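Please model the complete structure; the sequences and the hints are all you need to start from.
Spelled out from the first residue to the last, the chains are:
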Amino acid sequence: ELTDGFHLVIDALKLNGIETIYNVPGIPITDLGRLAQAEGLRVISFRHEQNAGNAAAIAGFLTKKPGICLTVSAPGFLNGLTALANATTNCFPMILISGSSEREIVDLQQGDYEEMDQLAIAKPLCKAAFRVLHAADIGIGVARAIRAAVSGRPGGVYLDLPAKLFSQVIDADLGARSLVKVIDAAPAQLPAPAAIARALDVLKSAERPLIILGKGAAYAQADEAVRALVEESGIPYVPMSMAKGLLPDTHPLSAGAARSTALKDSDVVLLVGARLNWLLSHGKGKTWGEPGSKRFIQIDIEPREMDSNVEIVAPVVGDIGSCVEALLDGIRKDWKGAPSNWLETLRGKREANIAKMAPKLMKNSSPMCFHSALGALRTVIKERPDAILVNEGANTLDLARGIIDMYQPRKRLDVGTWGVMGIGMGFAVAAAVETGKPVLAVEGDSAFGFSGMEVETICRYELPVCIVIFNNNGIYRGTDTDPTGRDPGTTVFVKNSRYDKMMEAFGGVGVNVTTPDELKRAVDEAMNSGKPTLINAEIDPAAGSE
Amino acid sequence: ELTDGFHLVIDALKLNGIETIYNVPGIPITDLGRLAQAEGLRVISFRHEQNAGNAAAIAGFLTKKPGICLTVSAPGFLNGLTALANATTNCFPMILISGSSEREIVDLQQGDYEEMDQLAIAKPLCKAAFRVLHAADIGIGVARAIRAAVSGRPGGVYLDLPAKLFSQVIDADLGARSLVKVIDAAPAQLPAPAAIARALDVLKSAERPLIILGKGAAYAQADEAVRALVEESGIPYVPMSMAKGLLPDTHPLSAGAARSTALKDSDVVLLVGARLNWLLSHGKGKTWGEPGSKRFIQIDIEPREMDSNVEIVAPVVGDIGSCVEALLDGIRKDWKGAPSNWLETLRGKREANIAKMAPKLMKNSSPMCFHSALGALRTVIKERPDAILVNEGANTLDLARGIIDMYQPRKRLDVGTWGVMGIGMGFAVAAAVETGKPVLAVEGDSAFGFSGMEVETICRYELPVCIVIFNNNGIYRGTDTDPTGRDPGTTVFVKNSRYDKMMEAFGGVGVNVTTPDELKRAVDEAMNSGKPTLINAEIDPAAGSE
Amino acid sequence: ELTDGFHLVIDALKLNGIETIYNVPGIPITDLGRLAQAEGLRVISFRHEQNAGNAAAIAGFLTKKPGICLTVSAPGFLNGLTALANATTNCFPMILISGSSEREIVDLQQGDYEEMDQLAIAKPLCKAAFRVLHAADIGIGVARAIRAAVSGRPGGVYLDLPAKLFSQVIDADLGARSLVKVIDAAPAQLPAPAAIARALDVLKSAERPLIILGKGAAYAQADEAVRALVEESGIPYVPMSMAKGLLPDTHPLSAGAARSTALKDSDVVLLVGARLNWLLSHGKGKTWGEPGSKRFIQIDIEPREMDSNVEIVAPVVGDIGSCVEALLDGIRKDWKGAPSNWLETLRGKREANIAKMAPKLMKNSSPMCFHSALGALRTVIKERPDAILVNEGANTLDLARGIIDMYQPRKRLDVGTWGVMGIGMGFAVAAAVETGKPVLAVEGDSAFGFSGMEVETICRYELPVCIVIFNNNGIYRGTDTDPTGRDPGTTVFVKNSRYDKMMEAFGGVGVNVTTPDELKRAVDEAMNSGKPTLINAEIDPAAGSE
Ligand SMILES: Nc1ncnc2c1ncn2[C@@H]1O[C@H](COP(=O)(O)OP(=O)(O)O)[C@@H](O)[C@H]1O
Ligand SMILES: Nc1ncnc2c1ncn2[C@@H]1O[C@H](COP(=O)(O)OP(=O)(O)O)[C@@H](O)[C@H]1O
Ligand SMILES: Nc1ncnc2c1ncn2[C@@H]1O[C@H](COP(=O)(O)OP(=O)(O)O)[C@@H](O)[C@H]1O
Ligand SMILES: Cc1ncc(C[n+]2csc(CCOP(=O)(O)OP(=O)(O)O)c2C)c(N)n1
Ligand SMILES: Cc1ncc(C[n+]2csc(CCOP(=O)(O)OP(=O)(O)O)c2C)c(N)n1
Ligand SMILES: Cc1ncc(C[n+]2csc(CCOP(=O)(O)OP(=O)(O)O)c2C)c(N)n1
Ligand SMILES: [Mg+2]
Ligand SMILES: [Mg+2]
Ligand SMILES: [Mg+2]
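From first to last, the protein sequence lines are chains D, B and A.
Take the position in the first sequence, starting the count at 1, then add 21; the result is the number in the entry's author numbering.
Take the position in the second sequence, starting the count at 1, then add 21; the result is the number in the entry's author numbering.
Take the position in the third sequence, starting the count at 1, then add 21; the result is the number in the entry's author numbering.
The reader is advised that the hints may include incorrect statements.
Which copy? The list can't say, so a pair holds if one copy fits it or any two copies do.
To be verified - Here are the computed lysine-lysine pairs in the DSS-like style, where the Cα-Cα straight-line distance is at most 27 Å: (1) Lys307 x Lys370; (2) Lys202 x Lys305; (3) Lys458 x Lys35; (4) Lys516 x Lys458; (5) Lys185 x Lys305; (6) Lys357 x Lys285; (7) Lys403 x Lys377; (8) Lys305 x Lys458; (9) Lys285 x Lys225; (10) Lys522 x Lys541; (11) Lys516 x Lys541; (12) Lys35 x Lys516; (13) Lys144 x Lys185; (14) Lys552 x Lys522.
These aren't lab readings, by the way, just hints derived from the structure by calculation.
Next comes the structure, spelled out in structure tokens:
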């Protein structure tokens, strides 16, 4: 009996638990995707590889298994590579699998069809990259790519399959023996007791301790241990954007609504899978109070992240589950409690800030402003705490992050570390496919334009996605003009563009709403029915910042 | 009070325990090296940066602290980068620090003095690379370089210091607060009990178990735990080249002299800091018996090393110290012992091969052969078990590895994973500088030519190095000729070259020997006196392999 | 009849005029070098690939045909790559040919012998790179490499030959038809008449015109046209270092001895194969007088060199031969003459500077200084105007460049654009091999250490090289000390090292000299006899600058 490279690739993926392939067909991988579908894998075909890649990336975040993006050679590979780079930047496990052309023609730069040394091009832009020349090495190649994607700091891996590989024929028994079911692809890594003891001694010296939960903490799926660490220590916490919901955002220990005071006045800060990068002002400047006022404890699987920005006095290296559980054990044995004055200081700021926002969510101005629209969507998420929220834009992003409380972990998927516009539709597809939950995508109209053709994809697979476009006719605002009076302003779109009518062009439901009540009712009907829906919400073009 | 970039660099290195800088002076780092020496660091200046880089590399292997190599820009940086890449390949911790030119001129490719984007050029060839533009970030830049060099799988890191950096002046108190004394640069990483349990179950099922000790196990400096694992399990072991001496090479559990049988007939193999790369035939082929006859347990800090070549049924990820002690604990609690007939099989094969070799060591040919010369040096090392052996060549390498038993760990420094000719004199310098031990460098005459100029360096610092050149007039052999009769053959050197005269050029002792007894007496005199010595040993040009 | 990869490689090289291979043997190219020698090519084997690479680089400068450097994989390839990058920086045609390992193992990063994707690693560091997978494409691969090396701006090209290539067998007639004898490898490129007209108009407007001859003009081998352009226009000229001797350095139109005045006070400058890089202060600052005082005409084959640093009002793009001849034809038809007052100004400045230098050449100090030693060697070169001068160091370089007049083109080979220490012995080998001329290598003692082992290569091939080491015991000077009193100073060597004894080690002539008369006598004897000779010249350790 004989097998070929086509079947070995699919067999290796199936053996290792891959159930979905995100892709765009074409030479030389169309028949690979057809075979994947015939062998029971779900194959999702997109309108652009970048969106297939974004889907695979967030599938990795949601599941701790590498999402698979399959593309053609050079131009399609480059489209996927952009998403793979973003996956690496965000620590999402993902494998970009791409066909490539004739090795000897490419090696001589003779102008092959879609010629590119895709292995060499990918390496500066992703965590690891491999190329498989022989059918008998497909099993090990897939194993190397899975291990690179999910171990250590997870990230994007490139796997290059030359067209010639797929049609190679080898003995079927030799083939099956060549496959590898990876054992312990993402091993636990436990910290040394001395590192835990040092972290505990710093934490116990704190007068104003603070926990910061990053999306690495959400990714780790150690929800019970993270919640117990916060609740049994009594230490207030601030969630980063995609750690919202790991503990309910309304939790009594959250200082999220008092973030400025917590960051400025704390003295010991425990970072749980959160980098001191631009989102935390690099641990420097007035955001963190006076220089010398902060000691940092940091839990991270990547030892090289310690001392990346400022001195880390108590580095704790290992997987978050192991590290949090070791810390929690120590707190259970010896911990005085968190200082009461500090908690009361933060509770007062939290209540004052919430009270200041509260009237803004109720103001019923016409045109609808960002606050009143998002006040309605806040209620949707409270009523549907298992729904997934996709969110991108500028005002649409920053205001939604502050106003919409999340209640369950890994339900908020947004622009991430690189602040990428364009993840929305790819993320919505993967969220619906991987979780089976309803998806609410809250999109700026500029952000939506980077991936908006994928609404046809959403319709084609009848995915339960409700898209809300905050249509303010522009980037940030819709009011800029050309001072020469000849063209539109550089930051505007066609006024009152009807994105809902675009959705209807592919058979989805389109709604045009102009009030918070209309928005609420339309979202409710979409999420109750599961029908692909796009709601075009008129937002005041002068509202928001900038 | 004010400080400057010059002083901040030296302060940051001193703060983190750097005591030695290997370098070659020149613009823009001559004054940096002078200040290091003025501030009490030992500064070793070489004749070529590649040798200064090799010294730093093996200094990292010997100490588990990054060896520091300091170079000028573009051409000197490239010389050091070749050694940094070799350090990375061998998992040796090392920091290449280079000056670079004017950022704005290099960025526009205008033809600066020694113009090169050294940061961009280094990244494909080493583990990590950083460039420091502002004096206040020197402390963090040094901290990042240190952590990347020694954590995880150790390797070579590039630290780029533009010439303008050194002259920047900042407040001395701000300068001091910006320095970082790295906490736990190389953290312990402990494996999960489930992974150890899996490995123990495989090991207990073995009828013919084998331990392979790689140079990762030697580097880890967990000597007592590694020896206890071998001795208390009773499992025979094979040491890779630079793991020789971790346990005495004459240890009764060593199957090193029955290596071929041990690899072929074992059923369970425990790899301890050793890769299934070309040195172990990729775990494939006749070296390892019949396909499917082997189950591998592998201990390694790098999770991505698992399944690199063949399926690893029991991966154990962590630092070697933590993992071998966890295994040892499990063996102590439940171990039936290694099967006796397996040890008997290997012991018989070991004694038979040692006997086959014994007559070759005493046969006193004329001219001297490799075996009889190396028989004298075997005795030297047996009599001086704390001396360091540097070794490179072809016959001179492979025959010395088999004939010269090592008795203490980390005393054998050789060509390593890339089989590099050229590490000899650099390794000898760092060995002598770092340890204070006598050094015996056993060098092929071709191998020696790659770094031979550094005998002046050895003389200049009065280092206790005894160099033995196995002078067979060529690469592998001295007999090849030009079939056209016009030139020397491509693989020979000047016949009867007297490298001892080259040593005397720099005030060292130079000796010419023709017999094993003359060799033994000359080596004894050199190593007793500690004077820099080069012994030119006349070896039969027709002796050896090839 | 059948042929193989080994033979096709040698056949392709022979077909295109390759007569010499510089190399270091080893797997997988030892048998390739043997076959080359058996088929009549001269094969020069070095002690380190970087020196073989330097030889190939200057062979390209000397001959306008790519020098061939042949190396093993990863570590030897990296050594050669450093010289290939330097060739690219200096615009020297060169091909680095390296063996590489098993493509499928390297592509999976499984740890092949000397594993490296050398194609991908080479590309950021040279002009072009190709890899040849199939024997039938060897002919085209060699054609591609030759064309890339010598066309456009010449430079270094990497040609990768996997080990499996050499033993492929194909039909001998197919093999013969697959070979390519390159037609017009370095085509002439003629400038548009309108660019020449523009340049002539600027030149005719000049009150103080100046020609600058760079080593591109020397490389071009348009000697008669360049000399005619200078002599028939009557415009004074300044030669860059390796354009010295294109016209005799004593030529009445040379302003080389009045360089500062020529650059500062000229108004129109004609660059002929010379970049406004660091060697010409980027066309900025006080070197060039007041801002706005200069108009540049530039002749270069590389259109992208125009406006690299400052605005070029008359760019002329093409090969120097064609462009100089087109300028010359314009001058012959209509030219008023260079203003004779400007020539008078430069003549007076030249005569004053030479008179200020004359006493220092005759000052018979003890110990010998740089000036009195170089005064002797100035006379040597005057008496031997066909000899080749290799020169490197700091004081030994800068003072020799000023003091030693060259009389014939392409006789001065030095550190070049990157200021590399280490080109000396490789350049000397290639000069002697390619030209058959006597070679005088004037070497700093620090500079010599970077390639000094190759004196054995010089002896092995009995090359007419006379090496003079300016032994001042250190870098720039020999007087620096360790302020802690523990070690030698960072910039010194063993005091009164006898490098001449190192030459005796390999059967060459060693001489120690202390006065200019002893030096002159020793050089005369060495260059008269053609015997490989190294003269150790004692230089005052406090003389010179820096
Ligand atoms: N399973 C894990 N265990 C430990 N650390 C992890 C794990 N997964 C990701 N990380 C770390 O979590 C961090 C996430 O940082 P960031 O992406 O900056 O989160 P946010 O943007 O929420 O701050 C990264 O440093 C990554 O190494
Ligand atoms: N402290 C350590 N703990 C665990 N593994 C280590 C440690 N230091 C190095 N290693 C691993 O040891 C291995 C060395 O393998 P190799 O260099 O191939 O040794 P040899 O050449 O002797 O087989 C590498 O896989 C490296 O990741
Ligand atoms: N045959 C040629 N015809 C025209 N320009 C050439 C030719 N060969 C080299 N060049 C140019 O000559 C210049 C040499 O510049 P440089 O190397 O800076 O010379 P120097 O260092 O003497 O100034 C380069 O710009 C290169 O493109
Ligand atoms: C790929 C990419 N391109 C451009 C940007 C810059 N950018 C930041 S926010 C934004 C759009 C903001 O407008 P919108 O989504 O309509 O949100 P609004 O503020 O109007 O609610 C853009 C284009 C980006 N982050 N990513
Ligand atoms: C940098 C580098 N260049 C070339 C080689 C190829 N090579 C392998 S062994 C060797 C020298 C073997 O000759 P020698 O050192 O004299 O040992 P012998 O067998 O003669 O005792 C060389 C050049 C290499 N491994 N590394
Ligand atoms: C590869 C490389 N490394 C380092 C340097 C820095 N450098 C510039 S000149 C010089 C040596 C100067 O000393 P020497 O050759 O003895 O000449 P001297 O002034 O003493 O005559 C060095 C090492 C360089 N140019 N290239
Ligand atoms: Mg908008
Ligand atoms: Mg030899
Ligand atoms: Mg000197």
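Here is what the structure says about each hint:
1. For the identical chains of this complex, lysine 307 and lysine 370 are intra-copy neighbours only, at 18 Å inside a copy versus 62 Å across copies, given an alpha-carbon limit of 27 Å.
2. Taking identical chains as interchangeable, the C-alpha atoms of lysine 202 and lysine 305 lie at most 27 Å apart only when they sit on different chains, with a minimum of 18 Å there against 45 Å within one chain.
3. In this assembly of identical chains, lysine 458 and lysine 35 lie within 27 Å of each other by CA distance solely inside one copy; the values are 24 Å within and 53 Å between copies.
4. Taking the shortest alpha-carbon separations for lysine 516 and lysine 458, only the inter-copy value of 26 Å comes in at or below 27 Å, while the best intra-copy value is 34 Å.
5. Proximity of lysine 185 to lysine 305 under the C-alpha cut-off of 27 Å is restricted to the inter-copy arrangement: shortest distance 19 Å between copies versus 53 Å within a copy.
6. Taking the shortest Cα distances, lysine 357 and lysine 285 sit within 27 Å of each other inside one copy (24 Å), while across copies they are farther apart (60 Å).
7. When the C-alpha separation of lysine 403 and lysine 377 is checked against a cutoff of 27 Å, the pair qualifies only within one copy, where the shortest distance is 20 Å, while the shortest distance between copies is 67 Å.
8. Taking identical chains as interchangeable, the C-alpha atoms of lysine 305 and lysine 458 are never at most 27 Å apart, the minima being 40 Å within one chain and 47 Å between chains.
9. For the identical chains of this complex, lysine 285 and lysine 225 are intra-copy neighbours only, at 19 Å inside a copy versus 56 Å across copies, given an alpha-carbon limit of 27 Å.
10. Proximity of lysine 522 to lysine 541 under the C-alpha cut-off of 27 Å is found in both arrangements, the shortest distances being 19 Å within a copy and 25 Å between copies.
11. Proximity of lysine 516 to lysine 541 under the C-alpha cut-off of 27 Å is restricted to the intra-copy arrangement: shortest distance 23 Å within a copy versus 31 Å between copies.
12. Taking the closest pair of Cα atoms, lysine 35 and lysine 516 never come within 27 Å of each other, the shortest separation being 48 Å inside a single copy and 30 Å across copies.
13. With identical chains, the CA atoms of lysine 144 and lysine 185 are at most 27 Å apart both within one copy (22 Å) and between copies (25 Å).
14. Proximity of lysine 552 and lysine 522 under a CA criterion of 27 Å is satisfied in both settings, with 15 Å inside one chain copy and 19 Å between copies.
When each numbered hint is compared with the structure, violations occur for hints 8, 12.
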